[PDB]
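Just one chain follows, in the form deposited in one PDB entry, and it is written as C-alpha cells.
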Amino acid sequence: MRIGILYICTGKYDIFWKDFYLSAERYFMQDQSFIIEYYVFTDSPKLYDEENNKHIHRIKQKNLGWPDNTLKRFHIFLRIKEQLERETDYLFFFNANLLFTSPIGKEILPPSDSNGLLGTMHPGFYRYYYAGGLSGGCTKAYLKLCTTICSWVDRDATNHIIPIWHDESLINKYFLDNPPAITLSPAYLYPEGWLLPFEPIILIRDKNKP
C-alpha cells in the first residue's frame, strides 16, 4: 500500500521538516511493504534530504498568512489531487511541528469497507471534539473531505474578508456529518508539557530542541 503524507511548511515552519521526516522514516509504517510518499507544500527552495530521496515531493506553495495558511489547507492539497489519486492509496495530514516517537502501523488504516476516514481527538477535550493537526483516510475518501471543506470555505472567500470558518470548526462539521471510521486518541496529538494519562505516540513539539 502507498501511503501519502501531506505536510505544509511555508515560511519559518520549514524548520520543522527535518525532524518530522527523520522520525517518520524511523517510526511511521515501518513494514517495508508500505511505500511512503511525502508531499511537502513549501516556499522553501530546498528541503532536507530532497536531493537523496525522491519519495520527497516538494510542491511549490506561496506563504499565505492568517487566515489563509490553515484556512486554505485543503485547497492546497487539491491542486495536486490528480497526482494524489494516481500515486497513493491513503493520505494523512500532519501539522508541521508533529514528531513520531514510537511505531505506527496498519492499525491507523481505515478498512476498505468503512467510510475510509480518520480523525483525531483534541487533547484539550480528553461525538468527539476533533483537532485539525491530524486527519486522513483512504485517498478517495480524504479527497472528498478536502473537496467538501473547500466548497464551504469558497462560499465566503470572496465576500467575507473576516472568515467565519476555521480549519478546526470545518473538520468538526465534516466529521459530524461523516463520523470517521477511525478516531485516534490524543496520544496521537500529545502536546509536549501537558499532563495526560496515556503515553505520547505522536508529540506536538514545543519550542525547545533537546
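Residue numbers count along the first chain shown, from 1. Shifts are known only where both forms have a C-alpha. Only the largest set of C-alpha atoms that superpose within 1.5 Å between the two forms is called the rigid core. Compared with the form deposited in another entry:
Only one of 41, 34, 165, 174 has its Cα shifted by 2 Å or more between the two forms after fitting on the core, and that residue is 165. After superposition on the rigid core, the Cα atom of residue 156 is displaced by 2 Å or more between the two forms. In sequence order, the runs of at least 3 consecutive residues whose Cα atoms each shift by 2 Å or more between the two forms, relative to the superposed core, are 156-159, 161-165.
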Contents of the next structure:
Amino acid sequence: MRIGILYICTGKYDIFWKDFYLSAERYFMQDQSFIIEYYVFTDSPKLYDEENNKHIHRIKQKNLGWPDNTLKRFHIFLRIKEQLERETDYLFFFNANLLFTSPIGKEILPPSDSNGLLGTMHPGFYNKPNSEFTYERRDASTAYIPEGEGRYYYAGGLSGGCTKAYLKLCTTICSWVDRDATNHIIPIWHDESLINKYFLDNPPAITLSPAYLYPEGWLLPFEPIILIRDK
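Starting from the form deposited in one PDB entry shown above, please give the structure in the form deposited in another entry.
Next up is only this chain, free of partner chains and other molecules.
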C-alpha cells in the first residue's frame, strides 16, 4: 500500500529533484493501490511543487560534503526512523540523478515469505567476473570481503525492502559505518562497499538487473527502465 522513497539532495544536487520527482509521478508505482511518500533530505530552502503536494516531506539536512554525503546515508535516514515506521510499508532509495523512463509496478516488491530486501546489479560490473568486483578488501573494514567471495556487485544508488527489513539494514550498516570511523577506516566505495557485505550475509530477495541502473550514454543490452542522468 504505502511506498516510502528516500532521497537526498544537498548543495546543488537539488537540481535533480524536479525531474526525478516528475518522472516518479508518471512511472513509479502508479496504481491506486499505492500511496507514495517522498522523504527528501536537503539543505535547500524549497523543493519543487513542495507547496501543492502533501506527500513531499522536506527534511532539513545540512550539506555534509563528500564522501560523508553518501557515507552517512543511513545516519540521515534514521533521523525520521520512527516517522518511517509509521507512514510506510516499503522503503526504496534512489540516487539523486535517476530518471524514470518506463512504468514500474508491484513486480519489484519483495514478498512476505522472503527476507525481502532488494538490490540492483551495478551496471559496470554485471558483465565481469568476481575478481573484478570492487568489494572492500581490507579485513580491517566491516565491509571487507574475502577474495573470490560474493555473487554480485550491488550499486549504492537503488535499494529497498519491507520497511522493517530495510531499516534493520540502515541501523546495522549505520553501525558498521561508525565502527570503521573508530578505526579511521573509510570503505573504498563507502555505503556501496558496505551494502555489498550486508547483501553477502543477506542475499537480497530481489535482484534487479542493470536496466534499473542504465547509465545515460552507455550502450547496454537492455531496455532502460530507469536511467542515470549524466552530470
